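Q: Here is what each chain is made of, one letter per residue.
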Amino acid sequence: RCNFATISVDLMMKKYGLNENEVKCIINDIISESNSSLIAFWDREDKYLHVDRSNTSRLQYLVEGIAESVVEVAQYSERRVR
Amino acid sequence: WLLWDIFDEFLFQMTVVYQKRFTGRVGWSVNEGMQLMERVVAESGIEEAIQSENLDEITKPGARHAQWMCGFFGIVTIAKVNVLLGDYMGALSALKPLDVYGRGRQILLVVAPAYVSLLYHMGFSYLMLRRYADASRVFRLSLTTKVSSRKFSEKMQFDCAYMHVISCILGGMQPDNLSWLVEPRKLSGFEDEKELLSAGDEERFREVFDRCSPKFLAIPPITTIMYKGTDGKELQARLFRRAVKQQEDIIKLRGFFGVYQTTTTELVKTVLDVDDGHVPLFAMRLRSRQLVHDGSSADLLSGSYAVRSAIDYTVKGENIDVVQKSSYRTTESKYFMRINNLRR
Amino acid sequence: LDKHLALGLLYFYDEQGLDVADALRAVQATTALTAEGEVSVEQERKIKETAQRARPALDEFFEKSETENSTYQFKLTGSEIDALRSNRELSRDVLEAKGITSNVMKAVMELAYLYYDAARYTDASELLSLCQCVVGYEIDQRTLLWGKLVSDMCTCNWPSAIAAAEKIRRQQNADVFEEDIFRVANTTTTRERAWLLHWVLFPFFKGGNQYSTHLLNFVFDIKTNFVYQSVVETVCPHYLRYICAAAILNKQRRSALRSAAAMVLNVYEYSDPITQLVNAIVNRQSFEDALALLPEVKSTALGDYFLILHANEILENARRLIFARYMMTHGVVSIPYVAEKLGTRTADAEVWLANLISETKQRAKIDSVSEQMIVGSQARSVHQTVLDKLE
Amino acid sequence: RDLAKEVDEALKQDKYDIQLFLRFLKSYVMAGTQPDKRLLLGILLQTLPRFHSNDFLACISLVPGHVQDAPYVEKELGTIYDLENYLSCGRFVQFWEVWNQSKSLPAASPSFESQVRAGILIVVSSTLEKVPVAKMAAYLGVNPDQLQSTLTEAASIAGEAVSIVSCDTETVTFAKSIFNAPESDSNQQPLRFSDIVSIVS
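Residue numbers (full-length UniProt numbering), protein chains in the order written: chain G, 615 to 696; chain A, 124 to 467; chain E, 12 to 402; chain D, 3 to 203.
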C-alpha cells in the first residue's frame with residue numbers, strides 16, 4: 615500500500631521469518647530489480663528503502679493509452695497504403 | 124577539348140548573360156528557375172576559372188555594372204545582386220551578405236526564391252560571425268514550403284545538412300532521432316563522433332575540418348584540375364585549418380567538467396591537467412576566458428568555482444505544460460480551419 | 012580437420028590445473044610425422060610451466076628433432092623453396108590472378124614437401140601457406156582442410172596469427188556448417204574450438220591479438236545458425252571458466268553479463284568455479300561478496316598460468332563494473348567507504364567514479380562539496396516519456 | 003592609395019572601420035600582385051586592439067596561405083598571426099614574454115600599448131563575469147595601482163567599477179555578475195499554472 619517496506623532494518627529478516635541469514639545477499643537479490651515498475655532509491659547503510667514508485671494506477675492508465683494509440687497508428691498506416 | 128571546351132562555352136555564356144543584363148532589365152522573368160539556374164551556373168563558372176585571376180577580375184566589374192542597374196518589377200533586381208554575391212563568394216569573401224541584406228531595394232519586396240538564395244549566403248555569413256547559437260536553430264529546421272527552395276542542382280539539400288552539422292558541433296548541440304531504422308544508429312554514431320572530436324581524435328578532427336572548410340568558401344566545387352585549382356585549394360585549406368583548430372581548443376575546454384556545475388578547486392585542477400600539459404593556474408586563467416561568462420575568477424578563497432554551461436530549459440513539468448498549451452491551441456486552430464474550408 | 016583424443020585429454024586436464032601426469036598416447040593423427048611442430052610439444056611447453064616436466068616431454072623433443080637428418084638433405088625434387096625456405100614473393104604472387112595451373116600436379120611436391128617438423132616453425136608455417144594456394148592443385152579437399160587446421164595451430168607469431176584469424180572465420184565456420192552432407196561431428200568441433208582458444212585468449216601459451224577476444228566471443232555462440240549443443244557435449248568445464256574470464260576482459264558485446272549468466276547455468280554437469288563465482292555473484296548482484304571475491308580470485312589465480320598479461324586488465328574491468336552497478340540506482344549514496352575499499356585517498360576514488368559516469372551509462376553528478384554522488388531521474392519521468400512516445 | 007593612408011591613420015590616430023579594410027583585403031584576394039607588407043601588417047596590428055572580433059576571420063579568408071606564411075613571402079605576417087592567436091585565446095602572459103616595440107608600425111602609432119590594453123579589456127568584459135584587480139592587471143602587464151585609476155568609473159560598462167571586499171577574498175571589479183548571461187527566466191519554477199487554468203476555463 616503501495617509500498618513501503620523494510621520495516622525496520624533488522625525486523626525484515628526476523629519476522630519474514632528465519633534468523634539471521636547472509637543478511638545482505640538474500641535481501642538484495644530478492645528486492646532487486648530494476649525491471650518493470652520501479653522501486654528503489656535503496657540506502658543499504660541505514661537499510662531503508664525510499665521507493666517513490668510514481669505510480670501504480672497511473673502507469674496502467676498510460677499503458678492503456680499507449681495500447682490504444684498503437685492500434686490506431688497501424689490502422690491508419692494501412693489506410694495510407696490504400 | 125572535353126572539359127576545356129565546355130569551360131570556354133560557360134565563360135562565353137556568362138559574358139553574354141552579363142551583356143544582356145547590362146543592356147536590358149526584362150531579359151529575365153520572375154520564374155524561380157531562371158534566377159536559381161543563373162546563380163548556380165555563375166558560381167560554378169567563377170570557381171572553375173579560379174585559379175586564374177585574369178578572367179574573374181575582368182568579369183566581376185561587369186557583373187557589378189549589371190548588379191547596380193535595377194531589374195524590372197518583381198524580385199529580378201534582387202536576383203541580379205544574388206548572382207553578384209555568389210560570384211563574390213567563389214572569389215573569396217563571406218562577410219558582405221550583411222551589405223546585401225541591408226540593401227534598400229530588397230526590403231521593398233521579398234518573394235520566396237530570392238529569400239532562400241539570400242539566406243544561403245547569410246548562413247555562411249553567420250558561420251564567419253561565429254553566431255553558432257542562432258545559425259544552428261535555423262539550420263536544424265527543415266525548409267518551409269513556399270514556391271521553391273531548390274531547382275537545378277538539388278545538392279543544396281546536402282549543403283544545408285553540412286552547414287547544420289558544422290553549426291551543431293560548434294554550438295554544443297546535436298540531432299535527435301525521430302526518423303527511420305537508420306536514424307538510431309546514425310544518431311549514436313554522431314554523438315560518438317562529437318565526443319571523440321572534443322577529447323581525442325585525429326580522424327574525427329580531419330573529417331570535421333574537411334567538411335568545414337567546404338562551407339567557409341561556399342560550394343559548388345571548382346572541379347579539380349592538376350595545376351592551378353590545386354594551388355587554390357591548398358592556400359584555402361591552410362587558412363581555414365588554423366582557425367578551426369583554435370575553435371576546437373575552445374570547444375574542448377568548454378566540454379570538460381568535474382561532473383558538476385559548481386566544481387571544487389581540486390576537480391578544476393585535475394580537469395586542467397588532463398586538458399593540457401601546464402600548471403593548473405596558468406590553464407585556469409586560460410579556461411576562465413575560453414569558457415564564456417564564468418564567475419570562476421571571483422572564487423578565489425571561496426573554492427566554489429563555476430564554470431557553467433547551458434542546461435535544458437524549465438523543468439520537468441513545465442516541458443509537459445508547453446506541449447499541452449500547444450495541443451489546446453492546435454485543437455481550436457484545426458477546428459476553425461476545417462470549418463473555413465467549407466464556409467466562405 | 013582433426014584430431015585426437017589422448018592429446019585432447021592432455022590439453023584440457025592441464026588447463027583445468029588439477030594435475031599433470033597425463034598420457035597422451037601418441038603419435039596420432041598429427042601424423043606421423045607431418046606438420047607442425049609438434050602439437051604434443053606445444054602441450055609440453057604448457058606442462059613445463061604448470062609443473063615440471065617429465066619423461067613425455069623428453070620423448071616429444073626427440074621426436075620433433077628427428078626423423079631425420081638424411082631425409083632433410085634428401086627433400087625437394089625442385090624447383091623453388093629458397094631464400095631461406097620460400098619464396099616469399101611466390102606466396103604473394105599465387106593470388107593475383109594465378110589460378111590456372113602450370114604443369115599439372117603438385118602430387119610429387121607433397122611427397123617431397125611432407126618431411127617435417129623440425130620445428131622451424133615460422134619457416135614451416137610459411138611453407139605450408141605457400142602450398143595451400145595453387146589454386147587448382149589437384150589434391151585435395153580433406154588434405155587441404157587438415158592443412159588449414161595446422162596453419163591455425165602454430166605459429167602464433169603475429170603476422171601468421173592475423174592471417175589465420177581471417178582464415179578461421181571464413182573457412183572453419185563454413186566447414187562446420189552443413190551442407191556438405193554430413194560432416195563434421197562432435198570430435199572435430201571440440202578440437203577446432205580448443206585450437207581457437209589456444210591461439211587467442213591467453214592460456215599459458217599465449218594470446219591476445221588486437222582483438223580477438225572478440226573472435227572467441229563471436230564463435231561458440233550467435234544464433235544464425237546456432238550451435239551451443241557442441242560446447243555442452245561432453246563436458247567442457249575449463250572452457251566455460253575461460254569464457255567467463257573472456258567476457259569480463261572484453262566488457263561489452265552489448266549483452267555481456269546476461270549471455271554469460273545463461274551459459275554458466277549449466278548448473279553442475281561439469282563446472283569449474285573460481286572465475287565463475289566472480290561473474291555469477293556480480294550479475295545477480297550482491298555487492299559485498301563480489302567485491303571480496305575479485306581480489307581473492309585474482310591472488311589465488313594466476314596460478315600456474317602466468318600471463319598475468321591480460322588479468323591486470325580483467326581486475327580493472329571487474330572493479331569498474333561492480334561500482335557502476337552499485338551506484339546506478341540504489342542511491343544517492345556516498346563515497347568515503349568506496350574510497351577506503353579501492354583503496355587510495357578520496358580524490359583518486361572520486362575521479363575513478365567520475366570516469367564510470369562520463370561514459371553515458373548513467374546520469375549522475377558528484378558533489379565534492381559534501382562527498383555525495385547524486386543520480387538523476389532518469390530512471391523515471393513517467394508521464395513525460397509517454398507524451399514524447401505518442402508524438 | 004587612399005586605403006593605404008586610411009590604414010596608416012587607423013594606427014596613428016586610433017581609428018577603425020571594418021568595411022574599408024574588407025574592401026582593401028578583397029582587392030588583395032582578387033589581385034595577388036598588389037599586396038604590400040606594411041599595409042597588411044597594419045590591418046593585422048589594428049585587429050589586435052579590436053579583439054574580440056570576427057575581423058581576424060575576415061582577414062584569414064581574404065589573404066592567401068603563402069602570404070600569411072612568414073618565410074614564403076618573407077614577411078612578418080606569420081609572427082603577427084601567432085601574436086593574434088595569443089591575444090584572442092587569453093594567453094596574455096605568452097604575448098608579453100615575446101613582446102616587441104622595435105617595429106616601425108608600433109613606433110608610428112602613439113599610445114600603442116594603451117590600444118593593446120583596450121583590446122584585452124574588451125575580451126575580459128565579454129567573456130568573464132567579475133575579475134580580481136590583480137588578475138586583471140596581470141592580463142595587461144600593468145601595475146594594479148595605475149589600473150585602479152583607469153578602471154574606477156561610475157558606469158561599469160565603460161570601465162569596470164570596484165567591488166571592494168575588506169579582508170577575505172580579493173577586491174574584484176564589477177564587470178558582469180551572476181545571471182547576466184545564464185538564464186532568461188528559465189529554471190526558476192514555472193508560472194504556467196495561472197495561464198493554464200485561464201485558457202481552459
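One thing to keep in mind: the hints can contain errors.
Claimed, not checked - In silico BS3-like cross-links for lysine-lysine, where the CA-CA straight-line distance does not exceed 25 Å:
{"id": "1", "chain 1": "E", "residue 1": "372", "chain 2": "A", "residue 2": "439"}
{"id": "2", "chain 1": "A", "residue 1": "183", "chain 2": "A", "residue 2": "143"}
{"id": "3", "chain 1": "E", "residue 1": "309", "chain 2": "A", "residue 2": "309"}
{"id": "4", "chain 1": "E", "residue 1": "400", "chain 2": "A", "residue 2": "439"}
{"id": "5", "chain 1": "A", "residue 1": "439", "chain 2": "E", "residue 2": "376"}
{"id": "6", "chain 1": "E", "residue 1": "309", "chain 2": "A", "residue 2": "375"}
{"id": "7", "chain 1": "A", "residue 1": "317", "chain 2": "A", "residue 2": "375"}
{"id": "8", "chain 1": "E", "residue 1": "309", "chain 2": "A", "residue 2": "317"}
{"id": "9", "chain 1": "E", "residue 1": "309", "chain 2": "E", "residue 2": "376"}
{"id": "10", "chain 1": "E", "residue 1": "400", "chain 2": "E", "residue 2": "262"}
{"id": "11", "chain 1": "D", "residue 1": "132", "chain 2": "A", "residue 2": "375"}
{"id": "12", "chain 1": "E", "residue 1": "352", "chain 2": "G", "residue 2": "661"}
The hints are simulated quantities; they were obtained by calculation from the structure and are not laboratory data.
Q: Which hints, by number, does the structure contradict?
A: Per hint list: 3, 6, 8, 9 and 10 violated.
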